[PDB]
Each structure stands twice: as C-alpha cells, then as structure tokens.
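Starting off, we have a lone chain in the form deposited in one PDB entry, written out as structure tokens.
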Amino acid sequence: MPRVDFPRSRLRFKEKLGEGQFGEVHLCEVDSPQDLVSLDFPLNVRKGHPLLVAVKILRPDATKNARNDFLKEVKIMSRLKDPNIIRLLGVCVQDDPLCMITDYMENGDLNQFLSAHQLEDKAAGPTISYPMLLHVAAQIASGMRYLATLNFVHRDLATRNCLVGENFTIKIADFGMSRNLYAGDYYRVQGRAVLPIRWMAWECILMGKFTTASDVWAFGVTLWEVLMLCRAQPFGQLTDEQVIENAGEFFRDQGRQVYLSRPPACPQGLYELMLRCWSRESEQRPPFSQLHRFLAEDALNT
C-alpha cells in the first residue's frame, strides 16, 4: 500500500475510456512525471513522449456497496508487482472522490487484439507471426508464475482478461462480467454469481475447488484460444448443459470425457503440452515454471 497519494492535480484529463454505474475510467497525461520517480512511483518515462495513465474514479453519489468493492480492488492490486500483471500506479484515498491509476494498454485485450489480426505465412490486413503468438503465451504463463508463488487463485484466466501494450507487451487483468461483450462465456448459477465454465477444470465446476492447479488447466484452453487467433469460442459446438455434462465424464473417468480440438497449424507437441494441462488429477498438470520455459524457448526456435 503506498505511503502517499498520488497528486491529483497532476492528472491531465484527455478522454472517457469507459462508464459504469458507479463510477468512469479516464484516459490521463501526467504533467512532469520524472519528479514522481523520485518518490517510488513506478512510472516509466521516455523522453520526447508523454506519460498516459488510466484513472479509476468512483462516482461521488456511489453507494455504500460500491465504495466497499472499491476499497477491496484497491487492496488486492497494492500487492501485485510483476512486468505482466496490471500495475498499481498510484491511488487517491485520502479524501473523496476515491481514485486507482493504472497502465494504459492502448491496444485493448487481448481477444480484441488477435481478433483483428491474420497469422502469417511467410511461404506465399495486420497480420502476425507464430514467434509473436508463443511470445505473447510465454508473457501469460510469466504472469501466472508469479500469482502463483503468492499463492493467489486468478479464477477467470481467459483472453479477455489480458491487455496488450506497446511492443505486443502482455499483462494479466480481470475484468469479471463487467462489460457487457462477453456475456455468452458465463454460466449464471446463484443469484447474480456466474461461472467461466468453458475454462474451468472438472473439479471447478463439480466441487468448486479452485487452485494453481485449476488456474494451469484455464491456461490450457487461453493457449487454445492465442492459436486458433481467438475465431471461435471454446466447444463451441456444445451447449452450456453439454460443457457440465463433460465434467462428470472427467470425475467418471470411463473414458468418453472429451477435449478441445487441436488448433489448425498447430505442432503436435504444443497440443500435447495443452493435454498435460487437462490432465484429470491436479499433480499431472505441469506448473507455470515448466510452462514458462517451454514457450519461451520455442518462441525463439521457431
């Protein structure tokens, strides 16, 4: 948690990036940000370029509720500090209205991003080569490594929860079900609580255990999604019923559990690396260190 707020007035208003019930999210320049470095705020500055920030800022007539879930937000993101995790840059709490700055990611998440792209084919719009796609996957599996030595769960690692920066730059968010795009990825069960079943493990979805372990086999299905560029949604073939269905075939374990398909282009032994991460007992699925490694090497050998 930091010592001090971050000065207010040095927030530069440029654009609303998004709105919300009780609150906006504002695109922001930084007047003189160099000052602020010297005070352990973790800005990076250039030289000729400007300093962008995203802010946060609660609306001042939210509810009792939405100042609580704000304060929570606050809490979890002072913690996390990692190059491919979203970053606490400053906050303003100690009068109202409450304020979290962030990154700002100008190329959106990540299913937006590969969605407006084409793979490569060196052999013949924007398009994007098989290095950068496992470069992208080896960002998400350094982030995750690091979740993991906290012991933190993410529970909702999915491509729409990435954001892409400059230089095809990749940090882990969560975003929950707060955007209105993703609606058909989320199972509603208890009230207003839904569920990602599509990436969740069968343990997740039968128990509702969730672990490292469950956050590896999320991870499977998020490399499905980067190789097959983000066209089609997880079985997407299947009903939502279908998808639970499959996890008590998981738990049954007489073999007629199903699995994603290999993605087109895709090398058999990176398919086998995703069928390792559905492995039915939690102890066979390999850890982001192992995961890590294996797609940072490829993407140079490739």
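Superpose the two forms; the largest set of C-alphas matching within 1.5 Å is the rigid core. Numbering follows the first chain given and starts at 1. What changes on going to the form deposited in another entry:
- Just one residue from the list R179, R231, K81, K209 crosses the 2 Å line for C-alpha shift between the two forms on a rigid core fit, and it is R179.
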Given for the second form:
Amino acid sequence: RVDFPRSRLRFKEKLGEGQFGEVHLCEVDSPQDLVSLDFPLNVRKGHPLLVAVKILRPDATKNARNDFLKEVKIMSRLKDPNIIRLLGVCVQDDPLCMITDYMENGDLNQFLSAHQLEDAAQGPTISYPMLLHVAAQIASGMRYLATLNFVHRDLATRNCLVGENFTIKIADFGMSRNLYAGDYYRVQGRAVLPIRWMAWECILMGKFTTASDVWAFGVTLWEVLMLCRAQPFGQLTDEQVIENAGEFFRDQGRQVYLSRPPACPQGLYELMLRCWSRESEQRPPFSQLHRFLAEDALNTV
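For the form deposited in another entry instead of the form deposited in one PDB entry, what are the coordinates?
So it's only the chain below, everything else dropped.
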C-alpha cells in the first residue's frame, strides 16, 4: 500500500472529461524500474506501457473526494479477465488518481459502429460468432461481479471497452466521461438515468439488483447484434419509455419489447425476452447466459 509515482505518468491525450475531473491516456516512463512485489506489473520489452488515469479536480468537494475513494476501494477488489484492472493509485497527495490498463480500441459502441457484419455499410468486418464471443465475455464479467455481490447499475456497450484480439473489459465511467448524453433522461433536478436500459422496477421503484443487471444485459446484447446502429426503443420518446415501464408493472399486455435483430436466431431472442421477464426470479442468471452464448448458440450456427 504505497502510491504509484505520479512523475512517471507521461501525458498523451484526454480520453474523457466531466464535472469532477478527467480521464487521461498516459505512458509510464521506464516501467521496468518499478517492477516489484509492491508493483508486480507486466512489462513487455520493446513495448510501451500505456495506462488510463482517472484524475479528480483538486478543488473537488469533500463528498466528491469520498466518492472517488469509494471507487478506489471497489476497483482494488476487481480481478477478472473481462473487468478493467486497477494498476495503482495516487492518493497520499493531490490530485487523486487511479491508474488502469488501457484498452486500445476504445468503447464497444465506437468499436461496433465502425464495423460491418461479415457478408451500404463501411469498414472492417466482424462475424456472427465473433459477436457471440463479445457478448459471452460481457456475461462472464457480469457473472464475476455478481459473485462478489456487486451490482453494476449502468451496463451498456458505452461502458464496455475493447482491447486486443476482441477482448472485452467491463468498465463504468460514472461522470468522468460526458459522452452519450442522449442515452440518459433527466428524471429530477440534476439526476439523469439510462432509462432505455433499465428494468421496470428500476424506473418505478429505484430497485437495482443482479436481476436488473440481467435486464440491462438483454438490452446490451440487442445493441451488440444490431452493431450499435440503433437506439433501443428509438421509435419511442423518453416519456413513452417511462410509460412502457408502467405497462410492465400493469402486466395487461400493453408493454412493448425490443424487436429481434436480423442476425439473431429465435432461441437467442427468446433468451433475451426472458431477461425482460416482469418477475426478477424468472430472469436468467449470468452463468446461464454465458453458457448459452459460448455453447448453444455456437453449436447451432
């Protein structure tokens, strides 16, 4: 438990900005000097060590600082191939920083927007099996979060990151990266919520659980199979999305569901529909979602 040396973080560019600070892409100066029990980092000789750095504005309120430190504690526990990894912190003096691995292909929404489905769309291709592999990795990371008794609360392709060889890491940007403002609705005062990804019980009663994470996974998987080309419920206004949550509650058959993506087979679609069951206990666990995507869907190509 010692700070990473801030003087070794060499700025390259801004990855995001928000009310309370920024995210920077940095290079670690001569990273081999640091390798030890205290910092057992992975350096590849001949390859720069790139890292992402979340930084709190030095004039932040005391409550903002407590938020940042709480996030540090959470991140310090996360150790999984499909979750973003904490490499070090700077917290003994200001500005507070947290340092993670850098995912070189950006967020999953950006990534998939730039791809087309393997045979006018443009750019590099991505196959249907590769899309199942992207989704399986998200289910695997979420399964791990759930076993540690964490609820994500904002699962969407915008909070997933892409590294080498189609590797996905779940992340959560909170207010550090004010992209995608069009995905959040202002329900009260200064509070904005990702209503198009939220289970009806989240919207009506502010109840967030692994089962509402499963509901958001359904929507995220719909995004993946659509190659991020369309907003969920894009035919409906925000106020109509809220009304739709009310119809899940009323349960009289007026509720509407996201349509089957063209690249989605009927069984996978029926699994997505189960993610949107009215009753929490009827939604599939992430173990079952992962298995379906890694086995069933693959064996029936």
